[PDB]
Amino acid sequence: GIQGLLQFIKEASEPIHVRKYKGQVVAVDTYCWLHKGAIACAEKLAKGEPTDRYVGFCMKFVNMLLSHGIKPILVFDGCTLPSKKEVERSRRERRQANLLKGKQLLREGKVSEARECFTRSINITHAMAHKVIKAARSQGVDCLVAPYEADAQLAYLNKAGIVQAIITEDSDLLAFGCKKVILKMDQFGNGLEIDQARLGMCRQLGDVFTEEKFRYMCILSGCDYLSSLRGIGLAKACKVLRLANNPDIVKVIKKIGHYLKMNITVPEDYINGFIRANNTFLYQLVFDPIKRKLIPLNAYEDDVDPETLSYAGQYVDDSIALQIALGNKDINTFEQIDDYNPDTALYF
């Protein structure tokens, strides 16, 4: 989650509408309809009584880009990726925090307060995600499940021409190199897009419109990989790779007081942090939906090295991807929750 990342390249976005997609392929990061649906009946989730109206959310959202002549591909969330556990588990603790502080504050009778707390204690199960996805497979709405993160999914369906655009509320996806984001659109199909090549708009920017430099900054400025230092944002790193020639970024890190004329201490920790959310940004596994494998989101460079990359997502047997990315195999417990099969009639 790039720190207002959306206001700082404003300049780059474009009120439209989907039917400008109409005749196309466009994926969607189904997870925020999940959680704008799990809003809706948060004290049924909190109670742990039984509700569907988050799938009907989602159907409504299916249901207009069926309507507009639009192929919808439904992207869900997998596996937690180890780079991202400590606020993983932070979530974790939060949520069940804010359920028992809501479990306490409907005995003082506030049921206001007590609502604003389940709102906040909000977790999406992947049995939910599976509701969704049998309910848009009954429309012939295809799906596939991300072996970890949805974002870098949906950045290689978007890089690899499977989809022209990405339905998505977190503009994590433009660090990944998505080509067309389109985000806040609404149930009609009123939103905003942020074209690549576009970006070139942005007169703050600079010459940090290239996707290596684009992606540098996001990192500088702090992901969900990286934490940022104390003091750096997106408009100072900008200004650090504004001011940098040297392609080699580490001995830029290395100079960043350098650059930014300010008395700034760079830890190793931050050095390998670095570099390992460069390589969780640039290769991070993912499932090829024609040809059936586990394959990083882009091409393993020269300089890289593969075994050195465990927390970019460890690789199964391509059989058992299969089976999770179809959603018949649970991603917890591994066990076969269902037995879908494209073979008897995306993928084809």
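Note that the rigid core is defined as the largest set of C-alphas that superpose within 1.5 Å between two forms. Residue numbers count along the first chain shown, from 1. Compared with the form deposited in another entry:
- Fit the rigid core and compare the CA positions between the two forms: of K84, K131, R137, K180, just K84 moves by 2 angstroms or more.
The form deposited in another entry is what I want next, because the block you gave corresponds to the form deposited in one PDB entry; please supply it.
Nothing else is written out below except the one chain.
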């Protein structure tokens, strides 16, 4: 997520009901739904008892979209990016410590506090995702596991024209350049739609409404690939890009303290991390499910070299990318857990 982005661009948002997309295609950031579902059966998931309540949760939202004539494409996160492996292991450690804290709370009679604890102790596994995939496939619902982040895969589906809107709780999708993003959608279909075309309605953005400048602002403000410099949020990131007249973002960032009248010494690792974050939003690997090929989100541009971009996702053979996309190949172990083949029955 980009902290505060939704409130900063409030004027580009409008309340909608998903009926608006009747006869259209919509891609879903399914781990958001798996998460809410896993909270509803957290005591069983953390301890180790078998449960499928999270499956019923996701299918309630899938069945609501289908009732309104919407063709949903459920996208799932895949492999972790190299730069996020310490983060994903640190998350496992906090979830296991919250499981121990919850057990301790139940022993002290604090049942309500322990039940809360368990909700922050759950791991969303590929095996949980695969159960949702199977349930959705029986209903005729297409599923796709992104090679890496679902954010990039979803942005690809929308930029390519396959889907007309992205349902997600993550404002990163706006930074990736999605045209229509549906945030805060409830089980009944009510939600907040942000349209990229309406970014011009936001007086706070000024001229920071182009895809390039908007992405730069989101990165400078603090993003999932790079924390901000201290004292920098959306208002100051936007102010810097508004005041600067220069195509080169690297020169602008070095001069950041001057534009804001702040004491900012820009570290060496900040400039490099910025270029890496920018390259991740631009060139992260996604899967074209029609041609069944692993490709970068955008075609490579003049100032980059693909061999330096392992942090944006490593290439694997197209056949391996296809087994991952169908849900047949476990994202953590690389074991073949299923044999689904779309031919012998999105991928057409």
